[PDB]
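One chain comes next, on its own, written out as structure tokens in the form deposited in one PDB entry.
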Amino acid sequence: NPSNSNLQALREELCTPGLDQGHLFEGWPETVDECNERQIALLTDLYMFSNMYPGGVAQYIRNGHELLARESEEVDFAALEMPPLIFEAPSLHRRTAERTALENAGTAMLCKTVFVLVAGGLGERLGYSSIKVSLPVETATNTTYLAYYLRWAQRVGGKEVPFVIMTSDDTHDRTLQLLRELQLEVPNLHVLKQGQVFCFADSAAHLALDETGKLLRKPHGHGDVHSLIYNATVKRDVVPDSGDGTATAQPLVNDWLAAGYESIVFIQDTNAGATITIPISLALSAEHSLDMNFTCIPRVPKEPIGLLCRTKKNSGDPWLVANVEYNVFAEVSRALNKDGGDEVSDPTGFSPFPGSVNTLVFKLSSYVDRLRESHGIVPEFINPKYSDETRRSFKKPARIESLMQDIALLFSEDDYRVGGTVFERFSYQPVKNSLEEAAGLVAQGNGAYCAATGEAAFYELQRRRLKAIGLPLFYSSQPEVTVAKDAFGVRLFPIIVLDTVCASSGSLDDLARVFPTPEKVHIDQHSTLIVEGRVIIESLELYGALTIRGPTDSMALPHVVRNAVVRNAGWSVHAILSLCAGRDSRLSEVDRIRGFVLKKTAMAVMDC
């Protein structure tokens, strides 16, 4: 496609005033026909950047200039208030009539929901060299986040549930490898890889080169999903899929709407609470006719999560319900000395506005309308990392970024209802920080949000849900293992893990189908109970570790467990000692990032 004439034209265009990329061509011959392979390759990289970015490298440089201009200024909002449409979600551990009605409504709507997972990000910050969706949700069964999300979606929306995964050059191959290794067969899964974008060596938007004289590339952010969704097409067989000149053959959102789907949900890579959040949010979206629903928790003022606010950036601008990122809100709080009030905004211990968890719930029709109008394009930003305190020198080359929640900026208050649902903080269980960062954050009285806290929170969530339906679990709240040089402790036991065949959607009703007489099931605080397949447990006395396996098919007749008594050594947990020799280390980085290992000393199995 790119001829030598067009490559020379682009080179001349990029050397013009306002673009000033002549440093890319130092010592090069005048003509393209006289240039060698590495130069042709660099011009071709510049030329075909236009395929993945609107307007190509020249428009990328102009946008960079606009964004670095905007970033040099102190951000100001004309008006910043509580969103009009805020709704308080009921407790996930209380089986109230409202909770039952919302869970059942949400579970019904999950049959008509599209799921999107943003998994383009690296997790090297954790000390984990592999992809984040490969992390286990818990080490009792070692179920990956990828498997957890896909199996839950296929359980609530059938085998042919529409599922989208955004990948990157860093995660794509390994994501597909994991799908193969887990032997996960998802007929309507679409894996869309986001393209990296060029970087700016300086504040004048001069394109950066790497160590080998090639154009440095960096992620454009999780805002890439919408455009990736907008340009996505599908083709099957014996179906009316006309190849339009836009692309062959049919737009993917067209196939969704034609199939009868009514909602779309966006989730992130390492937050299991989404399976508890999504159904309630969906029900509340239907009850209050929300076009877009932000999943929110009460925010502590020192928290690396954004805040959902009603905003007007300029005095003439209309009201916009949108997310303000943590850094921007810190800068805004430092300013506005005479903003109106007596004392600092903290009368309850939490930020005035709720914290956005970035589990987004859209009405599919409204989402498609705004996606078609915007082509998936969302407002961009840039946030360079400077070396000196004031000197405008970049420590690392910078890149334009985007946020997938910023699509809310395309939703006018006149035509659309945009709101937020506030859940308990315990429902937000991400794995974002390493053990060192977690110890540092705990020293300041903040949330760890590490692998050990994520696994412990998963076990506690299962225990709280089961107690909500009357399972009499008596256990201590004292930690059983200290991690990160005795900085903080977590507890894991009792461990109770039910698979998607057993627990179905994970609703309280579905859990009550597994324990129809919960007063006759006595699980000791040190016990482990793994349940796989179609199992019903009527009566059980468990002192140790037990795996109950049932039929892998959901509609198969269930294995019923009555009057069972199991006693064995069961499992323990111990911390990873600093004095570990490291030779014959069966200790992987999965063990090392949580700071403990489970000893599976004994385990009973009931099959059939």
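Residues that one form lacks are left out of the comparison. Numbering follows the first chain given and starts at 1. Rigid core (definition): largest C-alpha set, two forms, superposition within 1.5 Å. First, how it differs from the form deposited in another entry.
No residue in 78, 97, 247, 258 other than 247 shows a CA shift of 2 angstroms or more between the two forms after fitting the rigid core.
After superposition on the rigid core, displacement of the C-alpha of residue 339 between the two forms amounts to 2 Å or more. Taking the rigid core as fixed, one finds a CA shift for residue 348 of 2 Å or more between the two forms.
The Cα shift for residue 236 between the two forms, taken after rigid core superposition, is 2 angstroms or larger. Once the core is fitted, the segments that move between the two forms, counting only runs of three or more residues with each CA displaced by at least 2 angstroms, are 236 to 248, 339 to 348.
Okay, that was the form deposited in one PDB entry. Show me the form deposited in another entry next.
Shown next is a single chain and nothing more.
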């Protein structure tokens, strides 16, 4: 694509005042025709940046200057108050008429929903050297986060459900390999790989080089997902169009709208609670006519989650409903008095504003409109890490970032209704922290959000949902294992995991289909129940571990369990001892990041 003539022109352009990238060509020959292979490759990297990044590398540097200047100024909002459109979600463990009505409405709307999963991030800070969607939701079945989301989506939207996964250079190949290994068949899955962007070595936006003399690249944030969707195409065969030419440029958003889809949902890589909040969020988006709906929890004052606020940046700006990231809120909170009056704390102990967990629910028509106007471009920022409190130095090269929730400020209050739904904190179950930082956080009285608490919260979630339909689970709240040098404990048992064929959407009505007479099902607090396929359990007495397998097709007739009595040694859990020699150690990173291992001593199986 790039000729040698254009390569010299870009080189000269980047050496002009305001760009000042002469350090990249130190000791280079005057003409392009005299250049080595590596030099040609650098100019090619730079020239092809125009293709991937708006306006190319020249515009990237100019944006850097604008953002670096803005980052040097103390942030200030003209006005900051509660968003007008806030709706309290009912409890996930109470089968009220409201809960039943909202679940059944949202489950119908799931048939007309597009699903988007952002999975470009590493989180090596976890102590996990692989991709986060390969993490197990729980080690009882070892079901990955990738398989969890995909199987729920196919169950609620059918096998042909439209699904997008955003990957990065760090996660793409491993994501494709995991899809192949799980033998997942998703005909309308689109994997879109975000590109990394150049880095700034200093506050003057001088482009950074690595150890081998090539331009350092770093992530542009989860904001890239909108532009990737805007530029994505699909062919036209069984779709409304059926041309005899493969040169089809139908936008993926056009096929979705043409097929009858009315909603789009964005989720993150390690939050299993999204399958619980999404149906309620869709029902309330329809009842209250919300174009964009932020999923929120009550926030503790120092949580690393954003806040949903009604904002005005400057005195003349119209009201905007947008997310304010935790860092910005801290800077604003810590400030001299004589500025507004919405900072006083709440009696309970929660932030004045709802905390955004970044499960984003959109009306598809409104989303497409703003996507087409903006080309998926969202406002950017930069947050360099300086070496000393005096700044004027970068400990590590900085890069421009973007947030996928920052698409909310393209939604004017004049044309669009933007609101938030507030759920229980228990419904937010991310795996973000390693055991070390989880020990540090718990000492301050904060949430661990580690692999141990993520797995434990998943088992507790199943038990709360099942007790909501009348299953009589009597178990202690006392922990069964301590992790991170006895800093905190979790409990796991009783373990009850139902697959998507058994539990269907996970609605309380769907769960009542598995236990039609729950008063005659008695699962001891130390037991383990794994149910796969089309199973109905009418009466059971379980003291130990039991797997029940039914037909793998939902339309098949169901295996019905009656008057079963199963007793065995079952399972246990024990901590990974500090004196872990590691000689002939089957302990993997998966075990080590949660601090315990399940011992699967006995297991009964009911087949057919």
